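Trainee: One letter stands for each residue in the lines below.
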Amino acid sequence: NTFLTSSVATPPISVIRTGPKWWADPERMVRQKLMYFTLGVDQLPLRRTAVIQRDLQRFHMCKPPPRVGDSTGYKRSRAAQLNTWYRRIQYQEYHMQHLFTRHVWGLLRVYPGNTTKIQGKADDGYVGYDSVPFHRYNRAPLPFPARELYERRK
Amino acid sequence: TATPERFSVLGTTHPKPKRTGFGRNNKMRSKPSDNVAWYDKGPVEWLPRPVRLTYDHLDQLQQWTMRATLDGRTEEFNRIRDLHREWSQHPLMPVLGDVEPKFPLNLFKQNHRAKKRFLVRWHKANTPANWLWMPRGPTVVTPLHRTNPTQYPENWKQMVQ
Amino acid sequence: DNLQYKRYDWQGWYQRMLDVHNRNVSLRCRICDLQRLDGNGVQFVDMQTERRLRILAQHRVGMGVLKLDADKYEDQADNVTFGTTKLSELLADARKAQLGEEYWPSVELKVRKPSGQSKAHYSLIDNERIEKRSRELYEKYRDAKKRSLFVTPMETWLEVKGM
Amino acid sequence: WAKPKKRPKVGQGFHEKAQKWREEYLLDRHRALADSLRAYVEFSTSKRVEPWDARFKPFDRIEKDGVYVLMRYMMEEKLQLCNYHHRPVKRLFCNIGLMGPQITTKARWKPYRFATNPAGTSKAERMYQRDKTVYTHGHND
Amino acid sequence: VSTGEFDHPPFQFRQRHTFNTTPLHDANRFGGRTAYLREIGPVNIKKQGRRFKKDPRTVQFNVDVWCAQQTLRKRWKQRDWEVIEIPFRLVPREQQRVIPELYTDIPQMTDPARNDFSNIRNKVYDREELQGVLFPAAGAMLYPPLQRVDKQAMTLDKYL
Amino acid sequence: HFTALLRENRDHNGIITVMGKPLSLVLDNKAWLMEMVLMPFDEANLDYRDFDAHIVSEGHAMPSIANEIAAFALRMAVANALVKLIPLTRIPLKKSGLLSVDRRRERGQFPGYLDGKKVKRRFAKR
Amino acid sequence: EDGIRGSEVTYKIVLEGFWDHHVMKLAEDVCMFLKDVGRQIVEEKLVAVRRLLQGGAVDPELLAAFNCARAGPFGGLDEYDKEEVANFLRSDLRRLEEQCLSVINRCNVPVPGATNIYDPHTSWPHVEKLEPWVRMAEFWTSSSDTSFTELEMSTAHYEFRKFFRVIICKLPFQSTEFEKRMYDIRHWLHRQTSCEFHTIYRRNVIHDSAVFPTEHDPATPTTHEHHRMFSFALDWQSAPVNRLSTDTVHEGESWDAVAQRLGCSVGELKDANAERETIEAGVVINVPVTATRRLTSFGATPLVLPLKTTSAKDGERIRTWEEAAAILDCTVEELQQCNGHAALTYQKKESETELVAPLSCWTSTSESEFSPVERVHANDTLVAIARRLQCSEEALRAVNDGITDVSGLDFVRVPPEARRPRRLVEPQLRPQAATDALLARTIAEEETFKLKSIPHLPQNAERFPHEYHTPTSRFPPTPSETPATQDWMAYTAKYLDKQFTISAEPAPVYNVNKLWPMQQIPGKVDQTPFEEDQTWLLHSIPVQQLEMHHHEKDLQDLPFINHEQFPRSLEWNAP
Amino acid sequence: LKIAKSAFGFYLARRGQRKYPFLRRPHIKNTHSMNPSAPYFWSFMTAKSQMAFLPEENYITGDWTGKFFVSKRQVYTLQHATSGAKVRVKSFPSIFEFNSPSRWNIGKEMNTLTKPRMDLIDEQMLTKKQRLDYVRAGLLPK
Amino acid sequence: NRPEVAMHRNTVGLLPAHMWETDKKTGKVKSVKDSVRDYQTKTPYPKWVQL
Amino acid sequence: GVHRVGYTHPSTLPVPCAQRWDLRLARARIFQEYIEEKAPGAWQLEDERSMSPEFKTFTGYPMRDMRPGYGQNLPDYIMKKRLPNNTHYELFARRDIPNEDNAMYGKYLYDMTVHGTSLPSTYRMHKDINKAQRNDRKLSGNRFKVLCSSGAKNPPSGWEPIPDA
RNA sequence: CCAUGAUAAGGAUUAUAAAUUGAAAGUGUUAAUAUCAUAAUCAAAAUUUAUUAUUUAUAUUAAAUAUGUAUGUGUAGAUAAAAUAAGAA
Ligand SMILES: [Mg+2]
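Chains as they are written, first to last, in PDB author numbering: chain DY, 10 to 163; chain DW, 10 to 170; chain Ck, 681 to 843; chain DX, 29 to 169; chain DV, 24 to 183; chain CI, 318 to 443; chain CJ, 235 to 585, 594 to 817; chain CS, 31 to 172; chain DB, 1131 to 1181; chain Ci, 11 to 175.
Treat the hints loosely; a few may be bogus.
[Claimed, not checked] In silico DSS-like links for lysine-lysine, alpha-carbon gap of 27 Å or less:
| no. | chain 1 | residue 1 | chain 2 | residue 2 |
| --- | --- | --- | --- | --- |
| 1 | DB | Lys1154 | CS | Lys138 |
| 2 | Ck | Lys812 | Ck | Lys790 |
| 3 | CJ | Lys279 | Ck | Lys747 |
[To be verified] Label-pair restraints from in silico Cβ distances:
| no. | chain 1 | residue 1 | chain 2 | residue 2 | range |
| --- | --- | --- | --- | --- | --- |
| 4 | Ci | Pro130 | DX | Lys31 | 26 to 36 Å |
| 5 | DW | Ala11 | CS | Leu156 | 33 to 43 Å |
| 6 | CJ | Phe267 | Ck | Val700 | 24 to 34 Å |
| 7 | Ci | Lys90 | DV | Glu62 | 49 to 59 Å |
| 8 | CS | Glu86 | CJ | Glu806 | 33 to 43 Å |
| 9 | CJ | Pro455 | DB | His1148 | 20 to 30 Å |
| 10 | CI | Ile403 | CJ | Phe267 | 44 to 54 Å |
| 11 | CS | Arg54 | CJ | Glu806 | 45 to 55 Å |
| 12 | DV | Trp99 | CJ | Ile645 | 46 to 56 Å |
| 13 | DY | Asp133 | CJ | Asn702 | 29 to 39 Å |
| 14 | DB | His1148 | CS | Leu156 | 26 to 36 Å |
| 15 | Ck | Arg815 | Ci | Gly11 | 29 to 39 Å |
| 16 | CI | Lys338 | CJ | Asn702 | 52 to 62 Å |
| 17 | Ck | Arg815 | DB | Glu1134 | 28 to 38 Å |
[Stated by the list, open to error] Taking beta-carbon pairs under 7 Å as the criterion, some of the chain CI residues facing chain Ci (in silico):
| no. | residue |
| --- | --- |
| 18 | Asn384 |
| 19 | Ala388 |
| 20 | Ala390 |
No lab work stands behind these hints: they were computed from the structure. C-beta atoms are modelled at their ideal positions from N, C-alpha and C, and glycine is treated no differently.
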């Protein structure tokens, strides 16, 4: 991995809200799919996401269907239900991706960005060459040179 | 020349103060903040740091996977398969009247930091271990997937009669 | 200027300004009319004379037309003079190709690096000497290998001057 | 647009105070400069940590094999001569040619400020422990 | 038609490491060359900076130089050949003409009569076929002649 | 601004080409861009292999025109060509809103805004 | 060429208004006008041409002008009889009628319902559009001392415009009268509208082989060194070079001794000098301008005045200045200019050994001017050398002592009989005595203060590579050379395996240009563009730091201040 | 301008904090002219070539009655130290003087040896308000 | 040598250590001796200049 | 790589021909050209931007040369440089001036020819007319100021100012 | 230095078609009140002013002279901008 620096983490829903721009940017979705496929594992969640979002983009210039006055608030409650369902499928995806990427990096002898977890290797977030001399969230001092996660030979 | 024993007017002037705090206007304290990860919950630290998968990484992945196939190693494949089986189970439909809380209006001005703060903390509160709308456990039946290593093609010689 | 700067004190220096801004004179001739029988019977500009001409004046030629722009002096008279001078001068030199072959400008060929088929013989160069040698080197290696663990090419056929 | 209010008078004995302050500010600046030039040349001559990043390849590989071999037997004298400053190290690796194209593209080197630490550096805190009274532009030990 | 980056992204509110966003002078841009433009850290505007490093015009110029370098480099790794100056008489027939200099006339076709329509400028010749011309001194040929493949010969591809 | 030259290939090998380069390389293998250029051959219920198109850039030239907006333009171009060639094909195209031109522009540059386009400068209460 | 495409003289009138329709309507007016004036003139030339065609005499002068060639295409002096010449004249006049009719006919097409003046077929003259000049002014509409923000938010865009129609008239001949009416149209030009006149005509130029002769390259070459900055102002004269048309006959000479000396036929020499029937020693003669051996003013060999036995003033040694100033026919101050030693020691030239005559007084001899010797190529025969030098093979043989085979020879002696020689050094060069005449005072002060050298560098300077940079120096710095490096075979041979047979891979006898297209000074050590990205990134190439400068573009200051002297169309094309 | 520190305070507007095109600001005030660099010592705020001649101001150009201060771009020469003559430079408040000669000065401009912004702050040139504000900045004690 | 190209080529022989006064403990420079008084040079101006 | 540029004189070849460097020199004589000897061969860079039909900014000419260190102070820059004489700077110099018609003619001349007399500027005229109108009510708010005081301070032999109240 | 005029900034309900998301209510320099004074850049210069988007860790000072300081858990209060070839319901 090339980008090593300390980073700013966004909450999932805001990442998803980027829609066609990042989250659903066709290119990115494709290379994620390529990851899954290469691991010999189906991509169901990704495929749900692309279904949802493909539809989102198709209709993005249209007006929402007429809302008739309800004391009961069923149209509101139901369309909301649908909505948080979709949000939840995409949380599953976003999670999935972050997961598999940390793991696949674990197999590829790869060093993540600063303060990132890699499940079997660095349990506490891994750091080397940070702008700050201590581990950020450990409040423990960093060794020079950068910590090595993998045995030497390549 | 010949550096003096005393400086009359040099060290005489009032010393500039060392800043008390950092960030904006040097007023911000050092403390735990929103951006902090927790390493105690799940395989992925939360909130998750940004991650970039490069095609370069994909080709490395390919060579690793090939080389793994050819050495007869079924292990890491089975780890991965387990992970996928656990976290890909289809999220259940939420019951009417269950929505993610918004930030209540008329608290702060529209331009205020409180908004984001609330979002970040609410999501930080719900970790993927806390998602109860996705059915992960030994309890769950998984109609779409194979259960254990026995049922995958590299075991095929046990499947014959 | 027929308008503003036409009739008063500033008319002079404006007028002059414009004349010095326009002092460029362009001088053209085709290279088809330079190929003609000269008064001695020789062809004035022939093929090689033109090759030498074209390489001589680089970008001053296009579409088979020689075009010299003389800006050097403040006035158009002197630029026709200067231009004609540079033209007759350039022709003077370019005509040298009628003096014999030693002035015909070389053709610039792009000649490929030696091809693959020829690059293969690069491994067989001095074959025998190299094999018969490789045995003795193997000996020195087999003997060096008894003392130490790793045998460098620098302990065998490679020479690194110490000081 | 307010009419600008007039500036108050200079002050008394201030011309001598200022002459003096600037004067001895310069006489101080002489030892500042001297000390900093000593520090800079001293840095230049003394040894540094290895400029390459052992977390990537062709470097992660065991120190008994690969690149390190190429370094031990062929390049050693040269690398030790320039005291592992990252500019001539990288340049030598360019000129050795047996790595050839990779030095910039595949291989990876420690960021500027880390590669500047003295040989035998243990903890990262060493970046902020260097003397601050000297003007070398982070080029002092 | 290249998909690389020719443009230095405009200065704005400070970009920080995110999904979809990296710092402006981050190492990954322009093959690391942004090292040259980088002022590290929480910069103090009043006392500190190097002015040229925040200036759009200057930065962009440096980047344009860098791009020019890359392209130059790749056009020169593209060459397998040299330019040799060979006297008019000895040279292959299709060069016996007059060949205007670069950007002077229409791009010129080598031999429209013999059915080769291609740039003479970019025509490249084999060092084997010029052997007798280029090395008259050597006597016996220093490069062994090209083996050519018979197009009328029955071989595997002919289904024989 | 693009201009589609369209001809019919009786040999059934068609190809589409932009500024002299194969469409595959120009839109850079991104499928979701190229399908846009395919669309008018679908809406006309035609086979794409019967047609050769070459497209010319008359607008601001750039190293890469691969992006959705430029793709949209390309699609519009090919479609208008196709209508010129097969007149009745204009009815389905029009209904599917291919032939439709949208008028949208980046906001003009302007010194008043910070980024030069949309962002007004900082405001402070006196 | 026929019809529209061709002409003798082309006029382009560029009309410029502040408003578009202004210049458009203006173009229509001026166009109609030139249609009528055009018809008039061209009609008249047509009736003239038709008369000429009907019959007429031929000049003695034109006839003479056809018959001047030493040898015409059939390889002998050709006789054009007046018949033939009239036949040529007639052909061309027929062509002229074709073109006149073309123009006149076009003039009569544009009738009121049918007028279209843009297309060149439909009307003469026609009209091209030219892209309008448009300058956008961008500025603050607020006067505020208080805040930048508010100034910015107040910004107006306004423009200055200038509009251009262009009027094209191509004419089959050149009439002064047409030019007159046309330059005159500026006086009745429309309100607030101005114009330009682009004239492109055809004009005979004349190339002399007399003043700009075609000669062999000098037997000394000119290096890159003759070209430094200010080499244009110092080391070169402005062409053409001055060749003497006047020559003094030496003693033992006869007509063809002088003719063989000057490199011309005897006939020629007799005709330029036609006045004289005989040439005695010490007489001045006219060199026929077609002579090959003509001398340049002030040959490079300095005239030297030895002290010796002098006048009767001593008969021993020359003493005072003006004595020699009388001997060499110059002012004393010139003589003082040339000799810096003889000026500073004393005026009585006490102890001084010689004097150097001012550049003005030097005389050239065919001996100092033309190289006595010639270089022999690999393939050379005496036949080829003879052809090259225009000599008969036998005269070459004589001076070269009957040698037959030229192979063992680097140099062959040239016969004084030869026609085409090699000059010893380039003629157009500026003799050094001139540039030294400029600098005289300094060259004296060099001797006075005894200056052997002025070091431009500190003592140890090349120990520090990046510190001393003259502002002629350039990045990337070129590395010092290495012996075996140029290719793998050589490298292998000298370093790796030393019993290797082939010391260098095959080297084509002809020149190989490794930097191309770039030309470079031969014998200089140089670098080739870098293929490996690392070689670029890790080199010492700097980045732009200060404000950037363009030599032309600096005058119109910034991109934001775009200075323009005149509002010419940005498209505007210099004729 | 708010306070008139000179003539021009009457003529000029500040126009907020306003950006100028790169390296052109109307009034050149080099605050950075003395800015200590050990490694860059010869290349920083000095002659772009070591091979250049000293400026106009290192030489007496004409017949002078004499001068008060020499210009700040005049480079310090060994004679500036040795000769023991008045070397004056126009700085603020009044004039700076090279009094205590040293060889560490030689070959730099007195543009470089004279601190443009002093840390010594007179309170007699300040308004009470101004003094308050400087106290805010932790410059003046109070 | 400036940091850019040759920096590692600097030597301690460029240091005028006899010019200053050093702290033995810190290895740092405390004071500077006077430059001008004792200064002896055969060459105020370059050798080739005679006024 | 790094090589020594080289030149084969036409006498040495097994066929004579004109070497391209020679021609280069012929050209450099004809149109006088400074040969830059220190010109690195490794620095040939077409300017990508303006020379490639690919960028919207394409002029077909090398707009700028790309040398980062290029500056106006360099001698070579001065050799190819345009001089401010007879460029726009001049036109500004002469035609932009406070009262525009003082570019067209001398003011005194114009006035003397058109009107019989020289006329004040309008501003002066305002000053004056007001002097008249307000001297005709109040007095002695005034002051008597002039170029030269010697005319009021010793007045001539006549000159008895009329007393006023 | 008293000595009138005049143009800025400032989003809150005339909408989608063949169509603009910037306004009059006045922001230094401008035309009738006069009765202390020469204050104006042509270089190289002195921070107190509400009204300003800077480059945050692989490679880092060459041409007009060009910024030495603030690493500290993206962290107080309080603030800024946007629904316009983009993607918000
Ligand atoms: Mg007002």
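Trainee: Give a verdict on every hint.
Mentor: Hint check results:
A threshold of 27 Å between alpha carbons decides the hint, and for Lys1154 of chain DB with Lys138 of chain CS the separation of about 31 Å lies outside it, so the pair is violated. Between the alpha carbons of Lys812 of chain Ck and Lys790 of chain Ck the distance comes to roughly 40 Å, so the proposed pair goes past 27 Å and is violated. At roughly 31 Å between alpha-carbon atoms, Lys279 of chain CJ and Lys747 of chain Ck are farther apart than 27 Å, so this suggested pair is violated. Between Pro130 of chain Ci and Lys31 of chain DX the C-beta distance comes to about 31 Å, which sits within the given range of 26 to 36 Å.
Against the hinted window of 33 to 43 Å, the Cβ-Cβ separation of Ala11 of chain DW and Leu156 of chain CS comes to about 36 Å, which satisfies the hint. The hinted window of 24 to 34 Å between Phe267 of chain CJ and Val700 of chain Ck holds, with their beta carbons roughly 31 Å apart. In this structure the hint that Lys90 of chain Ci and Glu62 of chain DV lie 49 to 59 Å apart at CB is violated, the actual value being about 35 Å. Restraint check, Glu86 of chain CS to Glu806 of chain CJ: a C-beta distance of roughly 34 Å satisfies the suggested window 33 to 43 Å.
For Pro455 of chain CJ and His1148 of chain DB, the Cβ-Cβ distance of about 56 Å falls outside the hinted range of 20 to 30 Å, so the restraint is violated. For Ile403 of chain CI and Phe267 of chain CJ, the Cβ-Cβ distance of about 52 Å falls inside the hinted range of 44 to 54 Å, so the restraint holds. A beta carbon spacing of about 21 Å between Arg54 of chain CS and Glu806 of chain CJ contradicts the range 45 to 55 Å that was offered as a hint. The hint said 46 to 56 Å for the Cβ distance between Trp99 of chain DV and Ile645 of chain CJ, and at roughly 51 Å that hint holds.
The hinted range of 29 to 39 Å is not satisfied by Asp133 of chain DY and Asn702 of chain CJ, whose Cβ atoms lie roughly 55 Å apart. As the Cβ distance of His1148 of chain DB to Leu156 of chain CS is approximately 47 Å, the hint placing it in 26 to 36 Å is violated. Separated by about 35 Å at the C-beta atoms, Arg815 of chain Ck and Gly11 of chain Ci satisfy the suggested range of 29 to 39 Å. Between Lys338 of chain CI and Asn702 of chain CJ the beta carbons are some 58 Å apart, a value that agrees with the proposed interval 52 to 62 Å.
For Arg815 of chain Ck and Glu1134 of chain DB, the Cβ-Cβ distance of about 51 Å falls outside the hinted range of 28 to 38 Å, so the restraint is violated. Proximity of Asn384 of chain CI to chain Ci is violated relative to the hint, the smallest CB-CB distance being about 15 Å (cut-off 7 Å). With a cut of 7 Å, the hint placing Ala388 of chain CI at the interface with chain Ci is violated, because the nearest CB-to-CB distance is about 18 Å. With a cut of 7 Å, the hint placing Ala390 of chain CI at the interface with chain Ci is violated, because the nearest CB-to-CB distance is about 15 Å.
Hint violations for this structure: numbers 1, 2, 3, 7, 9, 11, 13, 14, 17, 18, 19 and 20, all remaining hints satisfied.
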